[PDB]
Structures are given as structure tokens and as C-alpha cells.
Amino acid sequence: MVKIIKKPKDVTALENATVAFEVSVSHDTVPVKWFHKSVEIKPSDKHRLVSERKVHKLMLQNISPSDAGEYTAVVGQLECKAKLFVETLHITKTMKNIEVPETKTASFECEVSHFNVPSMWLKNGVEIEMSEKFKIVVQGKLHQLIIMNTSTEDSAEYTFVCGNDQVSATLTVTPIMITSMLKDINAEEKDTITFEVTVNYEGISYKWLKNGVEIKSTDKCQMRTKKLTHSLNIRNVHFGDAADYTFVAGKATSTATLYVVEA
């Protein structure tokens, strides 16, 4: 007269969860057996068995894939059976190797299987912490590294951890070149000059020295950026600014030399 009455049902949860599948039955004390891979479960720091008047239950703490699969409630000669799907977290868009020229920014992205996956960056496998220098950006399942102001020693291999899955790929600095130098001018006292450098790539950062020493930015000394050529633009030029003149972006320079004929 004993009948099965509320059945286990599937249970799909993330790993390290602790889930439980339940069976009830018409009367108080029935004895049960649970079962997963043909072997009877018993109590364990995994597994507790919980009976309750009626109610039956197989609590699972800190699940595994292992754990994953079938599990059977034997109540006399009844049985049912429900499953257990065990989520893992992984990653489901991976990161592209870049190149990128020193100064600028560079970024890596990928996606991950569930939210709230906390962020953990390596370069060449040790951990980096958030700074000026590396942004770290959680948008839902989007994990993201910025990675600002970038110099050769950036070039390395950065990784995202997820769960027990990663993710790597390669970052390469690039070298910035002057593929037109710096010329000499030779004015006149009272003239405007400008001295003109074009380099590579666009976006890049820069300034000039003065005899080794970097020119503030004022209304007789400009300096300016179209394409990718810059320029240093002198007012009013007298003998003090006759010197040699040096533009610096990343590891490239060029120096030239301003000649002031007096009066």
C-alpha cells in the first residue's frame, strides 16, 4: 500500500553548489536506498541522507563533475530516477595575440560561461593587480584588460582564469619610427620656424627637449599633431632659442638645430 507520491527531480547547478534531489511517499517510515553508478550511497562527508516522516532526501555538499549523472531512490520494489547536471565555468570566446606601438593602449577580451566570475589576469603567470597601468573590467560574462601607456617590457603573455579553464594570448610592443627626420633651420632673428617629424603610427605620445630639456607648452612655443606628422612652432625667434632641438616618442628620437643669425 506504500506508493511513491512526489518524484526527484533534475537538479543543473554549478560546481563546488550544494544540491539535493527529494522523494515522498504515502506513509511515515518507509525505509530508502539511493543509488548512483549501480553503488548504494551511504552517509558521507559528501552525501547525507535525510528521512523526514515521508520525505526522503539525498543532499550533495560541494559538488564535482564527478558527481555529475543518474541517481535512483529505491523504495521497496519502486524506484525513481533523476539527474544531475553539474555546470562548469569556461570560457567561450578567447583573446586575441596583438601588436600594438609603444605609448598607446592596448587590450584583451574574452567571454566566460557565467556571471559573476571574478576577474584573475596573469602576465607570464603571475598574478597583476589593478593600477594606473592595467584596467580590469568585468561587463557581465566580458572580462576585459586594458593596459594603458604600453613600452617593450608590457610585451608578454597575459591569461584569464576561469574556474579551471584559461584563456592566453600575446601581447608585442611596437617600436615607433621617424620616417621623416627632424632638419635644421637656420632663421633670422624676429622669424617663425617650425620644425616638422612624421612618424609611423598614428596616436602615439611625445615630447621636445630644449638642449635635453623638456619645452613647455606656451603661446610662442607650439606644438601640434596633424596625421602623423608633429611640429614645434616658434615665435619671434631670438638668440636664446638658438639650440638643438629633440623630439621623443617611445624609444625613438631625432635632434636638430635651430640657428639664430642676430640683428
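Just so we're on the same page, rigid core means the largest C-alpha set that superposes within 1.5 Å between forms. Residue numbers count along the first chain shown, from 1. First, how it differs from the form deposited in another entry.
- Comparing the two forms between these two forms on the rigid core, the single residue of 180, 131, 97, 139 with a CA shift of 2 Å or greater is 180.
- Core-superposed comparison between these two forms: CA of residue 10 displaced by less than 2 Å.
- Core-superposed comparison between these two forms: the CA of residue 247 exceeds or equals a 2 Å shift.
- Once the rigid core is overlaid between these two forms, residue 83 does not reach a Cα shift of 2 Å, moving by less than that.
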Second form
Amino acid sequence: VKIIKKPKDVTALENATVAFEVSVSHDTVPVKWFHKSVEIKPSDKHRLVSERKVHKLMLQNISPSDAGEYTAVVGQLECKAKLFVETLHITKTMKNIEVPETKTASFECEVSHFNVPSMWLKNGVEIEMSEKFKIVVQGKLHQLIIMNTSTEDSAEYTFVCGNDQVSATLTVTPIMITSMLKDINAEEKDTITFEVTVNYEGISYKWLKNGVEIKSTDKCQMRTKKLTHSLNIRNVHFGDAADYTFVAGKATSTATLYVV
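Given the form deposited in one PDB entry above, what does the protein look like in the form deposited in another entry?
What comes next is one chain alone, with no partners or other molecules.
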């Protein structure tokens, strides 16, 4: 009896199902399979199937323990093939971030394979995605986005990949109002400007008049150069006299406009 087809090497992922097959010239021929010098038996992991001239060994839910050389013995005839078992792992680490308050922070890591489930932890606890936490997957790149950061977002963040994991820390830096609002004594019809300076660029802020948020009309313009924020109020009259507040993250500053 002659071997017509020999088994081929197989590369597969952990937990995948794989097979090896030999085919022979004659129908009634018994076959044994060996791994690590031991004869393979039917089990929850091993299935042996014959169809006339074709003999198959099937392995379910493979583990790294299953990798290596398998041998098919047909009489005195013996042929070998190898299983390589690939495992999920992290291929690039994450960098610690420091981010100003209110700005967006992002962690990224790369994994070994496509179609890995995203799994992100904050101080050991699974993060449920929300308007705050955005999870993105781009092929083998996994990204965690944390929007509108606060000091409460400062923590250790972990990405889990199979049995592999990688951690990095986020540090959220508070906004500081370096140059505060000063009171303004103006005459009717004057154009005035409240100005503040902060320590970071591109932060979120709000202006308030007596506590109610202002929107920039032709009457109240809000401008922003580098770190300087301004509230310009044109053609000032008595209804413009009030308390004005600049709010940025947890940083606040109030002053008064007086109109003669």
C-alpha cells in the first residue's frame, strides 16, 4: 500500500479547529496517529475519521500544548506534519499621557491579530463605552478615547488581549486662570472688553451674565487668540451692567460691569 497524499503543516489560532489528513492507495488500511511519542486517542479534543482511502485527525480547541509534530503511521510507512499555534498578544505598548482638563485624551495599542475584542479597564474595572469613553478598532490598532477630561479621569488604564495586558496612566492637568477678570467702570455707549488668560490652549470655556450662559451676538462678541479669552460688549447701556463670569473646567472668575 502506498501513501497518495501526505499530511500538511498547519498554522492556526489558539482555540481553532484544525485537521491533518493522509490518503492511501488501498481502502482497508488502518492508521495510527502520534504526538509526543504517544498514540492519539479519540477525546473531547481529538477526533479520528476514515472515509475509504482517506484518514483524518481533527483537533478542536487547540492550545499551545497541542503544537508540534504529528505522525501518521500506516503499516511501516510513516509521515509527519507540524502544527504551529498562534496566540493573541500585544505588539506595541502604550505611552502615559498628560492632558489639560476638558481636552481629549487617547490611548492606543497594537495587537497581534485582526478581530480581537476590545477590552479596556480603568483601575482594574471594565470600562463601559459612553459619551465619555469612545472605543475604536482599526485593524490591529485599538484605541480608547476619553473626551472632556476631568481630574476624575486620572487613573491607570489597561488593555487586555487574550492573556496579555498592557497598562498606562492618564494625568489630567487643571486649567488655571492666570490673568483674572477685573471690574470695569464704563460710560453709556462705550465698548468694553473683559479679558482672561489661561494656562492651556484649545480648552472648553463658557461666559455667564449673572449666571446665565451668553451666546456671542453682535452685542456680545467672544474672541480667543492664544491663551487669551475676551468678552467684548458694544454700545453699552444700563441693561449691560451685571456680573460676568468666565468658566473653564473647574476654574472660574467673576467681575462686575458698571455703567454710568
